[PDB]
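Single chain ahead, written as structure tokens, the form deposited in one PDB entry.
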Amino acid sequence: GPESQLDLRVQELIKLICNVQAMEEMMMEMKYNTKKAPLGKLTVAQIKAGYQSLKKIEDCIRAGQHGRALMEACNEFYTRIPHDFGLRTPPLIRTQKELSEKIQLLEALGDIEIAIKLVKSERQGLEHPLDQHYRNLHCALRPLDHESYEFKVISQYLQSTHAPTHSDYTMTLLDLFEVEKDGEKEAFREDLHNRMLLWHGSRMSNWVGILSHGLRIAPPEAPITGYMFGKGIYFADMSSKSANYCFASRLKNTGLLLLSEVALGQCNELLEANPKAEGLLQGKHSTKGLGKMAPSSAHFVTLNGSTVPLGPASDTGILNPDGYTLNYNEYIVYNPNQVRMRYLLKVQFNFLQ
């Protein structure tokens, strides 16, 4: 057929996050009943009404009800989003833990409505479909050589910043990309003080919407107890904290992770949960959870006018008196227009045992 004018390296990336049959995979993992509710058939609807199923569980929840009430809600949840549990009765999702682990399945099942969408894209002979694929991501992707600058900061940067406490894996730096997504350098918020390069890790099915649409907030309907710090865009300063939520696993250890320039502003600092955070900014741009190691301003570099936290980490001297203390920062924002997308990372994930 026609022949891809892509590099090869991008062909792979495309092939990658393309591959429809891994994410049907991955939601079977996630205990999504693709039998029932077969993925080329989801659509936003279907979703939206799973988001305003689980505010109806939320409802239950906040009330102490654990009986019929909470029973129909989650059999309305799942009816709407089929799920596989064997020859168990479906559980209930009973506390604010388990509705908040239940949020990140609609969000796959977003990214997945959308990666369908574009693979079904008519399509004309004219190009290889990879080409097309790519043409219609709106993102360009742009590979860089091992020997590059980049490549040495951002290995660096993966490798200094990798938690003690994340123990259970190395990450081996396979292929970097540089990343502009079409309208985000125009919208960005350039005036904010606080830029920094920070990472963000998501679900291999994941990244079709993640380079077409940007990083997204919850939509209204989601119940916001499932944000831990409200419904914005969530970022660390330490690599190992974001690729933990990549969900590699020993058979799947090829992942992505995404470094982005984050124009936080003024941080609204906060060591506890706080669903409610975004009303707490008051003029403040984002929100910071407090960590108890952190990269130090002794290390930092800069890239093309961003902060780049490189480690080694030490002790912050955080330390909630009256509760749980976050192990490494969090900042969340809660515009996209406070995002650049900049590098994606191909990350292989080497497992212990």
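Positions refer to the first chain, counted from 1. Between two forms, the rigid core is defined as the largest C-alpha subset superposing within 1.5 Å. First, how it differs from the form deposited in another entry.
Of the residues checked (92, 217, 187, 281), the rigid-core alignment between the two forms shows a Cα shift of at least 2 Å for 92 alone. Core-superposed comparison between the two forms: the Cα of residue 69 travels 2 Å or more. After superposition on the rigid core, displacement of the C-alpha of residue 60 between the two forms amounts to 2 Å or more.
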The other form holds:
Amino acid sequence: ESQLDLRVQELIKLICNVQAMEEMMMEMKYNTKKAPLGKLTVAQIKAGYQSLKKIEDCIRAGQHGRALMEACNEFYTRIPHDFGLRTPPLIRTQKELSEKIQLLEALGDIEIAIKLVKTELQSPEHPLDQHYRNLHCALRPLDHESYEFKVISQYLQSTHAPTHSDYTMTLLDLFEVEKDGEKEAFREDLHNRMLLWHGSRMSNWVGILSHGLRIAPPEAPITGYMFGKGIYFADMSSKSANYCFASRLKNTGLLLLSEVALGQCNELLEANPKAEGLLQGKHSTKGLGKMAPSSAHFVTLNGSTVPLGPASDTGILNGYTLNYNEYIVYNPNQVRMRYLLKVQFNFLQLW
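Mind sharing the form deposited in another entry? What's above is the form deposited in one PDB entry.
So it's only the chain below, everything else dropped.
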């Protein structure tokens, strides 16, 4: 029998489920049958990113014919997909290229997860307890009556964007997060600390909790990252929640809240994959949104500003303009993971 709080038991059971990872990869068209997740290697993933660079080259030159077909076929050979009887689809847009980056990120997190979930041959501990220990990340459930639950609930609801109307979110459980080493590494000296959202797919949480949020590797396509290879956050819960890729079938997702040491922001109206080079002493990039929470409503929680909603106009308009802010830091030492929300997505099929 498990010695964990039942809330933690259910969380661990959810994120450490290998079959759920398999099903998630199958939904993304990855061929789990022919290329078992247990046998996938970091070298194979790295080569996958390299083949995306060649696709990126085609996209940035608007070459959509045989050169693109060949580049996509190379990627599909390295990272097996299951397209049934259909001609393999081409990867033609920045959006489609981003989906493939997301796949490789998920594969890397699953590679980590499969190693982590291995249990001891003989042990006095329940499997759930071994998985939990192997995270090296404390997860302490908070009561729904608590002040922290009240404020985080308010943050979640008040920053659900009105343009993200396809679903609502219900907070099922809330955990305080303390990742081994993060406090010691954190730039607690930097000003402008904010409590910001980060969403990710369900397959990714074992990786994120055990290794923290990470930046993209040098081999990844540069233009797959609209503000460069950093760690991306939102001040709108639903902007991050969209990156959970929850569905009617799998409607439980997680959202992470982290204390982010932004320091001096470099404010940008337009996307620039080379943004990190423009910092010139500044500590973070802020993609400037049309709509944002306003300072009048902000509260503090454990030394971080909480940008409570609702969102309203920022006076920012362009070319393209971001709907909502996004914040990018380029070193994990500017992040301290703080809360993990177990969220039920309630989908509305609107027409």
